[PDB]
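A single chain, nothing else alongside it, follows as structure tokens in the form solved without its partner chain.
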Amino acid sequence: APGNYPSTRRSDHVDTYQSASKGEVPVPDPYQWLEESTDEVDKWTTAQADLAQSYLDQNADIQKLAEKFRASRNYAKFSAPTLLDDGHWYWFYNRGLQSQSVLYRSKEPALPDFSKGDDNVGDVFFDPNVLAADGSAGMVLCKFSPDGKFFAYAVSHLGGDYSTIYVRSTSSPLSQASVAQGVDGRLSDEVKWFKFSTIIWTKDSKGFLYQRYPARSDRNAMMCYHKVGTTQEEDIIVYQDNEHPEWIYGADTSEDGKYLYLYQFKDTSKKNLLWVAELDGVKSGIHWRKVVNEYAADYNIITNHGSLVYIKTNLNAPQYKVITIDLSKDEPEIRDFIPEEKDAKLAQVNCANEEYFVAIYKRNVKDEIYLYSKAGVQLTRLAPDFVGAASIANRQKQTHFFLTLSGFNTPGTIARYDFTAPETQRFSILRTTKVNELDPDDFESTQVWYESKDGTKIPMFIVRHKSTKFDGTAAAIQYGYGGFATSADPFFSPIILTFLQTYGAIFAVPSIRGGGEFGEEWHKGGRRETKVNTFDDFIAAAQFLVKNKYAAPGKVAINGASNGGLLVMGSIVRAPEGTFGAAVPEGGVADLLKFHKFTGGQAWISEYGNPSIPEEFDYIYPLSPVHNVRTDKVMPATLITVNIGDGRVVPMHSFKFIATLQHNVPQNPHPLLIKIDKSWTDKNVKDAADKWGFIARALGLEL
């Protein structure tokens, strides 16, 4: 229980604020000088950093944990494959070295066995890392032509604002081999000024649509059409609007060849227009049937059968739905095809094997996968016990589709559904993620519900190694963010899973208010004047973990970053003594009275309120971690983290908070320390090892 923290000078600096209830309020701010960039601050930072490192050096498990994190750090990433009209399969593969994934082509015209290795079953077709010799050019976006003969790709060099589209034949690889042989085998096509749209081929495979601006703010966008094997001078303007210079455009083409769709956007909401047109291919002076005119709702087209168009929309349905619009009638006949679900956001719909719809719902922060008929009958749920995120990849005419699945236990699993197979054998696993010292199958993701202070029911994710028991024994790592409508969705971290497996601990992720887990009302429920709910939900989660025997008492550690740092710091201030065993806030806000007076501060006003406004000060001040540190409560072992390289949140917040703790509870039984991140395999797990090792020791966990 040492008192040996370095002395922090206390100045006579007093800030004055205005309270709606109390009037003028003088607030002493003796660590105000830590706001400034001076030698005094730099020397105080070194003294604190050195203390922190001295404590970490008495923990020999830090270096042991580092090697385990080094082991599980690297792994390959991949996409689901696509079968093109040339009979070959194409897919992205990243071996885990370079920042850009490489596009592979199957050697044989057949679905590869992906347990053999990507280089054994595939050849490199497009390696974007060699666009520029130094790796300074990136592929932003790409698209194959419907006939499989050509490949369009948008390239962005690090300097430029815009990007440039290029075309190459699918028989012309770009690789380390190919560039060594001589000149790049692309076509001469160089489509400049491309920005903020997809690339959309016509179904004739003759050309593609793309958004472009004039040459050099961004104004007067043009949805254009580029013929393959031509210069940009040969291009057509499909649409522009002189009268609304800020407007942005999207396009789409129907598989049958009949329709060209124009989307129009005016702002950062999801509302959009939808005009429809009939084709021969794409030419100029298009007569647009203006179906969705006026900005009402989100409308994204799924597919069509003749004049019947299927559309995902949120018109009078916040959780989305599917409608049909029949265009053979003179007036379009709008009908509900798949109705809104009250408690399930319709996320994605794809037509599959012509007479079916594959479909993704998010319900209780989890994706569910459904198979529907062309008449809208729900035929079955696929992968019912899956806990995570799912997306669909397919082409409408083919007799299969894929699912890309991810969660806490894996960053990637490709599933295949084969309509031609026997009923019991339609669903299969194409491939899984390989990580040293970690099998995805050893980790179970569940969801439990607890009651917060005001009676609100919050779901919470629990992850464990399968040998760990819910018998009041395990340590728990409780992660949160708690703001900005940013959901704590399932995410993959080898560092965490290795930690759960090493110590028999559990990972706990509560869907606390302030996040986006149940839409804008959920955010609204933990924002500005309701912000205290965010903290009460987080605190009630930790109490629930112990009460219901998920974790042992005194063994729930908390961690979060940026807004999560404020969450952690505010929570150890507010929560009853002994609620938490350890605490690691990373780069967090902590002075909630001054946050808006520093770089990036103003953007947080919509989340916490404005301290300069008297009525808002009154609900802000009682939350401010820097102004609510008591003398008479034992704080849990606390390692505060800041990345001095990371501009985001000024380190001032953490400096003030640690100085305040060390002053208010100098004889605190557990160490209260601040660490400066060494990093702004070998050198990449150093900060994580210090962090997770501090927690393990603080919770009394042995290797």
Given for the second form:
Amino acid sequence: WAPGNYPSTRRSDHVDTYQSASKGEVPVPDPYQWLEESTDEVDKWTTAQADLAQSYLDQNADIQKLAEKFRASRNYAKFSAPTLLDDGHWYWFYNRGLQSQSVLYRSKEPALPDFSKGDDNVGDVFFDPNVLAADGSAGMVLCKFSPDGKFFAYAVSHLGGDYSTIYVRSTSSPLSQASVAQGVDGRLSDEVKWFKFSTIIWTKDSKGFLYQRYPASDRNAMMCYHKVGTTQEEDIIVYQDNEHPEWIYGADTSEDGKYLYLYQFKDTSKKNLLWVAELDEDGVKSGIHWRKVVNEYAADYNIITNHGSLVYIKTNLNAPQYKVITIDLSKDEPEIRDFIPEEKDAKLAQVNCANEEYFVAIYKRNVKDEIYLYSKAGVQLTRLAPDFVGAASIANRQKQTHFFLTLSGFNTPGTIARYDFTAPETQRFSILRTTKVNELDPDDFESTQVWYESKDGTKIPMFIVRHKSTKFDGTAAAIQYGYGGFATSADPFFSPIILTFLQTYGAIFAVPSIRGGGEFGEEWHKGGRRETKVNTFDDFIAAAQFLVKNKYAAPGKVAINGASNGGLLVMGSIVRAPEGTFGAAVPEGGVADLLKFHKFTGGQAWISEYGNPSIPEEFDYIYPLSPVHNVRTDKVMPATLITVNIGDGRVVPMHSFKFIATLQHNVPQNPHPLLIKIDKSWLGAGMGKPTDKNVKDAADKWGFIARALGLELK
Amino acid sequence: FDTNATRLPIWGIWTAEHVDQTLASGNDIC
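Okay, that was the form solved without its partner chain. Show me the form solved in complex with its partner chain next.
Now the complete complex, all chains and molecules, led by this one.
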């Protein structure tokens, strides 16, 4: 490779004209509009670009060595928290190490396993996703046992399609290589197609389940009910709104069997309607009477549980950091009260009801999760896992006398803690399982939180992870991760590949809690959203400058990475930041054409985050931010490796194709390589790639960064 | 589970290194 040898890329004379509130009518040239399409020309272009990318990566001998390291780092047993079904047996996911999909196990005995004995020694295979297709192409995207434990509904995604299909099987009929070989697949006849952007919500009678489907872009979503032991033609439409075709739907059923809840969403903002229907014992039928409790888009509402007509709801109504309210439905005009009040400086992230009347709450304080147990009277009884530092979730069923916590972070691979209400008061909390890694020692790695100041004076926290031998003396390379949007928190997470990269090169890993995320609630999201979106980039750029300025990383040795909205983040950041701010950039499946994002698949919902390009006022703040339309001819770009999957239906690969073509046109003689790596396996909706393929891709990405920053293997 | 979060521009159900979601996969299966 040398500068100025990029593929021949035709520049059309397509021009789109937009309305600007300040500038009037603005003609915007789109010479790579043709890269929106699926044609022979585009096939030649993607082939040429991918061959050029692979050719450059072939020059790097260290990539093969990293693949060896990363495979070994991933090669360890992994497992979920177990779930007790009403048959008395415990079910959990188990991965041997490098399986592309984890396998659902079932306990041999109707008792909580001693998991130190080993998963195969304490359980048998119930459901193996890997055998859904002989070639491993079929992926289980989600699943749900019935309340009574008799059936197992599971959504399957195929390669090629943009929809999942729900199948149902008896829990006494396992899916494995043995069962497939010995007999017939073993599932029921039920085949519920066109399932998307949803979960499976069983009614508490275990007779059927609620699911969202689309008609045979995606519009006119329907909330439907499927009865077990029937075909999809017999499925009841529970709710649809042809007047608002862009709206989507969710659902929930109360544990007592009394209520059916309907959620309605108009866009990707955290605002939903909430209607409540009373079920009589024969269950969901057509003609459900909806009580319109929340009937305007104003706040977030998610049901926790109910006791009689008193409904407990996690909400951010007049409470940016979230809280728990009660709405008493016995009243004609329902009275709204705070059960657990808003904490000013901690986001209420999750609340589950446990042992019928208690509440387990997860608070996120300075982007670090804290777990508490509350009584029925709203009294904070105790803090659980007080010395834990990372991200946490709850796993339980309301009626049972236990719950679990799944705990992880930058150097906590996976701890599963159990709380048992039946034990003596001092002995209730315990550790069920701790995840054991391979080669790495998590104790060799330190994570700290440091604060830096953005351009506007706002103070922003940032996680810094390093191998403990690495010094903050202005010599280390840095890898800066970000997402920056949609109230998605950039939480701590265990990555054996990242830690392996840090130990190998003595680099550091950085995660600034930039505005746009939901680390500090609604106001933090509002601070990097729509007209304020530029703050997200300023926060992210300031983070990188702070790392160099304060001697965490060496000058020009900050690489940046991000996926999807994180791709937009990195692509916009290289365009906007000063020359030499970054030493490498890796956008993965990113948004980039912010003038046309809303024209493709489910992009129209993201107007909540980016604004509407068709509105003149909003065009005026989108246009200057759009990465595709702000590339210059006078700024040296860092070494860039763009990655996309050609079958990506979430973010059309269009976005990345236009950006790389625009980069290559504007700075053809850039001293650093501007490449795009294009995977041509049409990966289905809600899938990982194969494990070996992930390892290879990781080795490419991290090797490219290593070489771009001039890092050698010791 | 978050219905509205399943259609975000995000990697998988926030980074490429989140590849393994086995730890949390058994949290809400019933």
